[PDB]
Amino acid sequence: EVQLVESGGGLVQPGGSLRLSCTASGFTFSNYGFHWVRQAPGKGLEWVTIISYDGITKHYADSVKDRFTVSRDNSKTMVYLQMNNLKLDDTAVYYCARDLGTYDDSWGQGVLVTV
Amino acid sequence: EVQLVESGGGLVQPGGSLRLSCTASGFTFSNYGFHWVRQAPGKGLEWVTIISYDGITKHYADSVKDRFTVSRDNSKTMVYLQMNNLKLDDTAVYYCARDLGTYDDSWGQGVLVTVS
Amino acid sequence: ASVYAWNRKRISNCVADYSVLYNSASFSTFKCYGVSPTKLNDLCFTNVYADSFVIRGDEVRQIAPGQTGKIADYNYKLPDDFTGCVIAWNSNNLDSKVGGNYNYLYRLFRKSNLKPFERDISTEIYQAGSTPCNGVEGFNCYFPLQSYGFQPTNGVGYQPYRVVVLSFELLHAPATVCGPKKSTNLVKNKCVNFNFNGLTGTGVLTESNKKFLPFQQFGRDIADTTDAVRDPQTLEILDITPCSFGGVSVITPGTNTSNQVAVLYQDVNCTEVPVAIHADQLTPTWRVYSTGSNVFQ
Amino acid sequence: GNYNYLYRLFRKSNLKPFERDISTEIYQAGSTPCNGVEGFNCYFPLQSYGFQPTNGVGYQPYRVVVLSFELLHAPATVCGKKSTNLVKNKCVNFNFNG
Amino acid sequence: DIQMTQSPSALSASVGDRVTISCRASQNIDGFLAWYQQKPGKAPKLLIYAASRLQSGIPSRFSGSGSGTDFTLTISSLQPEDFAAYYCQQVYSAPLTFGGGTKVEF
Amino acid sequence: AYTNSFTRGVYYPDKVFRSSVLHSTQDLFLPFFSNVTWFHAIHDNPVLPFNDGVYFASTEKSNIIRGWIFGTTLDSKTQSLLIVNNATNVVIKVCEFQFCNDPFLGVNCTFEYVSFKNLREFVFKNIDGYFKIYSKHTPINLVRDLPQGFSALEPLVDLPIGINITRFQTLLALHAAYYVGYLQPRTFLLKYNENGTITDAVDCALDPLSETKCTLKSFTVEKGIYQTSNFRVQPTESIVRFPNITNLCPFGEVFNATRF
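Residue numbers (the deposited numbering), protein chains in the order written: chain G, 1 to 115; chain B, 1 to 116; chain C, 348 to 644; chain E, 447 to 526, 528 to 545; chain A, 1 to 106; chain D, 27 to 69, 80 to 143, 165 to 172, 186 to 245, 263 to 347.
Don't take each hint at face value.
Stated by the list, open to error - Calculated pairs, DSS-like style, for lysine-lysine (alpha carbon to alpha carbon, straight line, at most 30 Å):
id, chain 1, residue 1, chain 2, residue 2
1, D, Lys195, D, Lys278
2, C, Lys558, D, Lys278
3, C, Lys558, D, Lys304
4, C, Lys528, D, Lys41
5, B, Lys43, A, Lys45
Hints listed in this document are in silico derivations from the structure and should not be mistaken for laboratory results.
Isolated chain G (complex conformation):
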């Protein structure tokens, strides 16, 4: 059916650059827009960013914007979220999300990112 596997989350020093590559399989990657959702420890879920299916239109949270940049490659089927000037509050288990809030909703196992 739909399988999402996230690669690239690891321990980082504050102010470091970390890129998380969400890898898709089992569907046409280009057709569906992708979302990133972080889960801070002992806190509720926090949506990070949404890239569109075309990828020209990218939206971000106010805190997320100017520090986090999202991108995708249709050929490689991977969504890359790039985080810069990382802080201790950034630490969370980010999850790849596809078509949030709709019948096409998918979920990613997630990777723990620690700053």
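Starting from the known structure of chain G, arrange chains B, C, E, A and D on it as the hints suggest.
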């Protein structure tokens, strides 16, 4: 019509500081970006430097980089090509051209610069 | 022209060759809304408006009916209702130069969204903040228009694109703007479907002895149908004669006496009889014979 | 935007009634042949609707179901009234298969 | 950067004779080239902008042709005014080196 | 000053060619013996109502009259059709201009078009915003008035101006009288020769014999009694009868009621 006139070119000692003036008339100087070109005697033209319409961003030719500077004043409607560490090779007739390589391109009459 | 001050040119009292635009290369998008993209070139319109501007490729996708974008909201607005073709071609070669090109600029900030087919050329400082700008740059105040940056190295997504939007309006008016026809060739002494200057009929066309007055175009018949026509390209009168028609009568002795039959086509010469469009050839189907030797005029 | 819903922007001729075309062949609007690849005045036939929550009501997605009904002397299986005992030899109003 | 050179070693032809000049780039500059004609002791005059479309105020005889690295300019008929140096530059690179150039002559 | 029409100014209604036949047509036409107004320009150019159809008859030895102005306002407020004939070229432009009460010439234009010894006859009709001009030039030996003869005006040009014309004036160079007759919708029986030129016409409403000719469809009428039309008495006045009550219905109370 667009008229471009050049001045400030004269004989200079090697290593001297010589500054050129690019006159602008008949158009909005501030709106249009400006470029500087030189032609050595019995040689092809050589582009020296460019300056943006606002003057914030500047690029220089690799040979003349760090020795030749360019500045402009929007109020005075003139672009100035400061030349330092001048050499015998540098000797050329300097033509100031606006909006190079486009339909808008115009060419100045030019002023001879000699280094001997 | 710059997108915010888009330039509108009225096209009227001429024949519009849309096909030449179709033939012309480098047109990245040729999308027609409401009007058919092809074969509706002939259709006549009261006026044609050409709106010209230079925008980025993402802005090019933005400029369509019922699309929300910064370029749509604050520069050029397309209504859903209008029937028109939006044409965009890549302009990287001539619209870009070293150090950027300031020639084309767009409006970052406007107080309200632009109404359809409305241009705002105001350069007044945008009052985002509660404090007034006062006509000078201030905190929370920025110039409405931000210059586009066009560079040759700049990627295709950010490359300049030249867009001409054609707007077609139909009203209670002459509709002089139109599209011409190929006009084929004259065929004479053969039954044909003929269109002469929008007048349609089915008949044989022959040379006509009668001479019309110079302004006069067509002859008169009792039905108000044409008895003669003047060709538009060459001012020669052509007589109109109907294609051969008649009743078909089967002369039969009683079925008890015989199954043999004879057929009398009405008011037709026997030369036209072989082309009677009988479904089968050399077999007596529908018609008793067409090539039969027992033929009497 | 939701890319799943698509419509055919370009087709050579108008479709016949109750006819479905699934072809993805490039449309040769330009005089030059497309040759199966994108080119000047050559476009993919199907264009995706841009579907957004904030989108205007005119541009909002609408689910459409078209029902076709056949009136014939055939068995007429799809009846959807309550049957009553047959009455014979006296004049009566009758409904048989509609 | 993209170094511009000129193909013809020499250029002499009489008045009324069709002449041809060529300008090839070192790397692919796409349609980013401008043709020029400079008379002795005169400002250069841009004959063609983008190297395929004629500049305003330039006689119809001058033509722009070529695409990509290759570029050519053709003059239908020569005249005394026509004889001069010619040059080609590429706007596709921020560092700019003009074409060497040749002197069309009578 | 007034003159009779003298059965002049009839025009070809359509581009159809008809031969050796009598055709009845109903369209705006100049009624026979109409008291056409006479304007003198010797030793008088008021704005005149277009009335949908105008017939212009100018008799000029030295071709003093040059053109006409057609517009709803004609004061440059709205687009005013302009025809000016100078030398061999006639210029037709819809752009607004200001004009004098009497034009004297020394001896924004969405549409642009370029082309007493003699009598010049012109018919102007605006239908579906198409300015149609019918022109016939006939030599005249009578200085005084129009000839009592039949001439059929041929269409010169059809303009796609698409603007209303309530009123028209005339521009003439001053160092040639003109006659204006308003067209009225009328049924006319038209005679066509074998060549297709109109030779004569009958105005049906003019007299009872003309009604008989129109009904028979023949210029010649045989002896007999012919039923032509039905006479109707016309109402002298309009009488409106209504209740005298001045009370106003309480629509406002229903519409502006606070709670329905």
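Hints, verified against the model:
For a cut-off of 30 Å, the pair hint linking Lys195/D to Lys278/D stands: about 22 Å separates their Cα positions. The suggested pairing of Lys558/C with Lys278/D holds, with an alpha-carbon distance near 17 Å, which does not exceed 30 Å. A distance of roughly 25 Å separates the Cα atoms of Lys558/C and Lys304/D; the hinted pair therefore holds under the 30 Å criterion. For the proposed pair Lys528/C and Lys41/D, the alpha carbon gap of about 22 Å is at most 30 Å, so the pair holds.
With a C-alpha separation of about 17 Å, the suggested pairing of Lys43/B with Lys45/A holds against the 30 Å cut-off.
The earlier numbered hints are all upheld by this structure, with none contradicted.
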